[PDB]
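Engineer: What follows is the residue order along each chain.
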Amino acid sequence: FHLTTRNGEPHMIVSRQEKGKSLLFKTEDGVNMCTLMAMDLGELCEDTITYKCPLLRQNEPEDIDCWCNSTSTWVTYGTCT
Amino acid sequence: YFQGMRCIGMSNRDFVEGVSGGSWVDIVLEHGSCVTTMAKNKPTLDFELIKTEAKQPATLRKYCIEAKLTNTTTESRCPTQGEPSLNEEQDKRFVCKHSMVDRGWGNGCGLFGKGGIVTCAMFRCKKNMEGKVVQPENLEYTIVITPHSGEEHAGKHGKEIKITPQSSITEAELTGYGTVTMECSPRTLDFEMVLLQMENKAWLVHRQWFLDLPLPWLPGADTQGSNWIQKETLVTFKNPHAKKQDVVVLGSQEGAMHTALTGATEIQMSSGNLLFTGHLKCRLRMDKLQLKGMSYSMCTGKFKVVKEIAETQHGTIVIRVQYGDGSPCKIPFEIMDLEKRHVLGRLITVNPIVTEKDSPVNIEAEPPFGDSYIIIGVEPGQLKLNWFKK
Ligand SMILES: *[C@H]1O[C@H](CO)[C@@H](O[C@H]2O[C@H](CO)[C@@H](O[C@@H]3O[C@H](CO)[C@@H](O)[C@H](O[C@H]4OC(CO)[C@@H](O)[C@H](O)[C@@H]4O)[C@@H]3O)[C@H](O)[C@H]2NC(C)=O)[C@H](O)[C@H]1NC(C)=O
Ligand SMILES: CC(=O)N[C@@H]1[C@@H](O)[C@H](O)[C@@H](CO)O[C@@H]1O
Ligand SMILES: CC(=O)N[C@@H]1[C@@H](O)[C@H](O)[C@@H](CO)O[C@H]1O
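Chains as they are written, first to last, in PDB author numbering: chain C, 1 to 81; chain A, -3 to 150, 156 to 189, 191 to 193, 195 to 326, 328 to 394.
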């Protein structure tokens, strides 16, 4: 995935071949591990969706398919197939 | 094949003549009909209104009927921290919605409770329709003025003139005869209505219905084609989730529209212009017209009736003839009684003349009712043709 930013915050452009794998990227505050569970994750195209993966410390996830454990991150991926 | 035939072949044909000299003569022009005018020592003319179209009428509103969505983005805040926002919520090309969604420890919030969420998607119109307003003025009527000569073809068009209810009196030149002057009035066609255009196919629809259509639109005087109004009409926002929300766009509405317009008067069109079947009232003056060919010789020769004399739908006949001994000349036509004593009937073709040797010169004439002799030509073989008009 391409690591960029959105208003000072880290942003992940996730491609199709990354579905199902732990997303890791270094940050001043250590190594960040985001987890992408999006069922509709497809091919990067015009039909993108973009949203935030909250920071989750010792809390079970609820009503979400993306989250990081060290620093909140934005994520973007296409839905095409 | 001959000049003036079009009007002879029409069922709706009016014969008008001025009861004065130098005076104005009134005529009524309709689509599919023609008017033949006559006057002493003046050529007979044919008038036809062939086209009535609105040119570049004001565009009222553009409606989007099919769109796509891209870059859908979601933002949301925890209970207690106010309404979230996205800067694209200020970009007129996006459709956005504000909602509330449950939040809590499972999705990054300290408190359980409703939180503010917002979602935007770029809206891209892929197919639109536009309704226009036709002003009575700026309507353009096309009228053809054809000299009733009978000359042949199979290069001799009648003068075509285009006018507007705002244009001044027209002075039309007829090669060889001078000019004819006329003025017209769109004398009673309505326009609180609107003309809907769905990809080169148009309809006439009532206003307030067009204006009520639940579809994204843009004020007529636009060119951006981006800042659509009421995009939510083609967009649906699914129930939100803590951090994301789906947005889907309805499918094309071209179909819902088509099978919705059935019933309303369909309007023909071409080259982007709308066409109508107009109605005109005109007045014309012939003081500047004169017979083409005066001061020639009186054919002194022979004619062979090219083919079977024809009867028109208007109590008249069309005799084809072709010279023979002479110059491109005047023809001696004359319809008399069986005794050849007095003149009867009259010519619709006036000052009939021959331009070439072996050039069928059609001639339309009006024989009196009953019996009459059609005398074509002069003293070698003055052509006595018997005729009975029933
Ligand atoms: C809505 O989504 C569309 C995708 O369907 C968007 O399009 C364009 O968006 C950005 C620019 O606005 C493009 O991304 C960049 O691409 C250039 C060249 O490929 C890179 O040089 C850029 O660089 C980065 O800069 C670095 C160093 O120089 C790097 O370290 C940093 O992390 C940056 O990544 C950057 O990658 C994008 O390619 C293009 N999108 C596509 C894929 O067509 C729309 O822009 C977007 N916006 C809206 C709402 O219209
Ligand atoms: C804040 C925190 O928990 N840091 C760790 C990080 O060091 C590690 O790389 C990742 C997975 O290996 O898990 C967590 O993100
Ligand atoms: C503090 C930190 O971020 N460093 C390491 C990180 O590099 C590593 O990936 C992870 C487990 O693999 O354990 C973290 O402690």
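Take the hints with a grain of salt, since some may be wrong.
[To be verified] Covered, in the sense of this in silico footprint (three residues per stretch, anywhere, with C-beta under 8 Å from a C-beta of chain A), are these stretches of chain C: (1) 8 to 21; (2) 61 to 68.
[As the list claims (entries may be wrong)] Simulated pairs of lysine-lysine, DSBU-like, Cα-Cα distance not exceeding 30 Å: (3) 361(A) - 19(C); (4) 241(A) - 305(A); (5) 110(A) - 51(A); (6) 307(A) - 241(A); (7) 344(A) - 393(A); (8) 307(A) - 284(A); (9) 21(C) - 307(A); (10) 19(C) - 305(A); (11) 241(A) - 160(A).
[Claimed, not checked] Beyond 10 Å from chain A on every Cβ pair, some chain C residues (computed): (12) 1; (13) 3; (14) 4; (15) 5; (16) 31; (17) 32; (18) 72.
Source of the hints: derived by calculation from the structure; they are not laboratory data. Backbone N, C-alpha and C define an ideal beta-carbon position, used for all residues, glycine too.
Engineer: Which numbered hints turn out to be false for this structure?
Structural biologist: 1, 3, 4, 5, 6, 8, 9, 10, 11 and 18
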